[PDB]
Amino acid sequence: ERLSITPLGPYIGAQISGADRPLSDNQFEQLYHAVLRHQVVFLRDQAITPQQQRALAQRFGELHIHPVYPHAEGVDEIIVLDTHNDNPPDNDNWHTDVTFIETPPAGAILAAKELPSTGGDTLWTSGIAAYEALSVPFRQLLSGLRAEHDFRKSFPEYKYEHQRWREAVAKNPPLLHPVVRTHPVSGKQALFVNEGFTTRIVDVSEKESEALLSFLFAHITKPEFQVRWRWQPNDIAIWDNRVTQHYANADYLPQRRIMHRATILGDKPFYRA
């Protein structure tokens, strides 16, 4: 059966009505192409279970186990984000999930488990649109440069365990990813740096890299490049983590908020033409 897809804007974003029980190949194909046409998709009234989410995640590709965040009961592929006073939120910043690994995840699945009165809002900005918005000379200047990503930027040492930390650190040293990434599947061009992990553009002077990142970290903020989602229980968010950045509002404390995430591994980011 056809899926009900309502696009949330001219660029990134959309909402659907399917039936998450496993998906009938034919639907998962519509969904996939959906999570591809719009970088993010939202589904409401889907009270799934950890074991159930991981199943859906696999339908896209192998999963990833976060080296820091805690996992669900007996499902290490499904990250549990339980925030409150004894564990404040640390996703109130523009970042692209796990880019400190050679092959950053090409997608993830968020399940709205337990929510606060209001707030907790999460936004997604499109790298593709952001890129199309760059003047030609800038597209040239950026296409080809490489930027360093450091897991320690969004997971500093002082906030940590300090033995379990050092472990994840040495196992995830800083690496390089193209400033302008080409989509494995769509082949569309998109900006690929995120305030969350990008430390500096390695192919320009320190002051130059500094200047360009200030611009870019801001540039991706433009409201036209994004979508905002007001959480509701048992909501489901699926997005293409290879051409987007997202922010999660930290405005619900002291209340509690519980979210489950399925991290999906992708290939190696690369640029083309």
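Residue numbers count along the first chain shown, from 1. Each form is matched to the other, and the largest set of C-alpha atoms that superpose within 1.5 Å is called the rigid core. What changes on going to the form deposited in another entry:
For the listed set 219, 66, 44, 228, the sole C-alpha moving 2 Å or more between the two forms on a rigid core superposition is that of 66. With a cut-off of 2 Å and the rigid core superposed, residue 94 has a Cα displacement that falls short of the cut-off between the two forms. Here residue 185 does not count as shifted, since its C-alpha moves by less than 2 Å between the two forms after the core is aligned. With the core held fixed between the two forms, residue 169 has its Cα displaced by at least 2 Å.
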The other form holds:
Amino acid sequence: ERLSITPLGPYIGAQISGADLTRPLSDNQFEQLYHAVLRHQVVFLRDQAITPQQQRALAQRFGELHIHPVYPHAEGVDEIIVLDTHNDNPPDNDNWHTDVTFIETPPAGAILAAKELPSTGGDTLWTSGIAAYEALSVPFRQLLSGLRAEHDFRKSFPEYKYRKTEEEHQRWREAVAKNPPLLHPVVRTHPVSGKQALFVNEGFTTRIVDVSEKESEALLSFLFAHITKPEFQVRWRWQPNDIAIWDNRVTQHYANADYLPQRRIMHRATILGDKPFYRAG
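Having displayed the form deposited in one PDB entry, please output the structure of the form deposited in another entry.
No partners, no molecules, just the chain.
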């Protein structure tokens, strides 16, 4: 069966129907779905009442999945993380970020399923690093290509938010010790498509190390604004049993925090990635 794929804009986003994600997909179907994620960077399917087991199986056709000990997981399925936000667990994703870029091999992508939603709010936005790179002037494309930038766990999890108790402070210290800052290319080459994408994000990028500190502040301030250009984005208003699949190698996203005290439950499968690299054009 041919999938129905409707682009949501010229640069990023598509809505897909004609694929039952609870049951196994044919190879032709999955090839279409795969290439649609590659091309449109994030795709959305609706009315997909998927179990954590079916979501794991779907995600595993893209690649192997992250398992966390720190987060709660679905009953009987370790690869599906339960993101259950409310007053006692406020959301922390209302900032432009690429997931876990402070490790050497950030996730290649994710599958996110909406399980329980507030009456309104909680939109999620994606922005295209490819479109943003292509919109830079030639001098800026030549400048940023080949530079390296530092990504640091502590930019999104700063020490001053973990002082409340001595145990909490020490747990933060241990996480920092396990996750020292490291470098990634400022312009990342997609390992399948070969497209060039900006690969800095306000969530974790602290410094472009191949320019001076003041030069870095100027460039990152510009770039963190540049990626907020509406032309580079798609915005999704969730309904229950929506599924979002996105490529974390060449996008950032932002999850609105505008629904507390209401409750919101998402199920996530994180697809493991490889080391980001830059291959000159």
